[PDB]
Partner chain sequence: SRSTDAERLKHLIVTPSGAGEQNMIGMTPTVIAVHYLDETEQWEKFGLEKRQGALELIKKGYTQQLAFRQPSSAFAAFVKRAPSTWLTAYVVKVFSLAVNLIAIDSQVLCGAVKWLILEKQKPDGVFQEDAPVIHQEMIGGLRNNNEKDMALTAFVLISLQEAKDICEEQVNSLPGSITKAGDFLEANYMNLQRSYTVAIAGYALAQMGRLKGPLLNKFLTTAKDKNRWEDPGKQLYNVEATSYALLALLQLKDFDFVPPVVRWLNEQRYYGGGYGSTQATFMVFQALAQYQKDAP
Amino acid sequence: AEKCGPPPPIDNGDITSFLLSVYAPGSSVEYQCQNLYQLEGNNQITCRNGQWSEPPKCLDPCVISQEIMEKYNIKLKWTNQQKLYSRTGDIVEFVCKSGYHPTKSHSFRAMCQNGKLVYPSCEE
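Let me have that sequence as a structure, single chain, the form deposited with its partner chain bound.
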C-alpha cells in the first residue's frame, strides 16, 4: 500500500508525463531517450510498495567528427559530409584521404556500439 516518490533519472532520457512527487501503488510511467539514443529495456516502469522497477537505458549514438578523421587521415566513403550521426549498431564505411594508404588497421567498415566506434587508419 506504500506510495512511491518521483521516478528515477536516466542519462539522456526523461519521462513522458507531468512529473509528480507522490504516485499511487500500481501507477506507471514511460521513458523516452534523446534523438538518436536507443531505448534498451522496457520503456515503462511501475510503482509497487514504494519502489519503482528498473528504468531503461539510453544507448549512446556516435558523432563522427572531421577532427578524428583528420587525426587518422580518413574520410567518409559514400557521402561527402564532414560530420556524421550514427545510431548504435549502425555501420559506417570509411576511405583513406587522398594521398594516403591503409596501415595495419581495423576494418574500414566499422560498427558504432553504445557511443564507441573503432576507427581505421591510413598513412603516407
Contents of the next structure:
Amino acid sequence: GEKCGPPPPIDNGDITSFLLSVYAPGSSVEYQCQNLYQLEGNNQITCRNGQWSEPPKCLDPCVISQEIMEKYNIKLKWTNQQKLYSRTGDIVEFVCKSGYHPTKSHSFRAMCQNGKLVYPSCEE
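Right, the form deposited with its partner chain bound is done; let's see the coordinates for the form solved without its partner chain.
Below you will find a single chain and nothing else.
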C-alpha cells in the first residue's frame, strides 16, 4: 500500500522520534548516532509508496591502543589531553618515545576512520 511500516534500524543509532507501527505516505523520520559514532549520509528517510528511502550509517570511533604504541616505540604528542576514544574524522598526533627515531612507515598525524587508526613507528 501507500503507508509504511516501522523505519529500519541502523547499528549504533536510532530515530529521533517515538516509534510508530504505521506511517502516512510522505512521512519523514531522522536518525542520530550513539555517543562517539558519526552519521554518514542523509540523516533523513521518507516514506514513498509504502517504502522507506535508504537510512544513513554510523561510523565507529577508534580506541587508542596502548599496546600498539608500546610495540612501535611511539607515544602521544599530548598525553595529558588524549581521550581513550577518538571519533571518526579526529586526528591523533604521535611522537617517538625518548631515544627512538622515526621510520618512514606512516604519518605521525593519523586520522581515525570508522574504527581504523594507522599508527606510525620509531626504531632504536
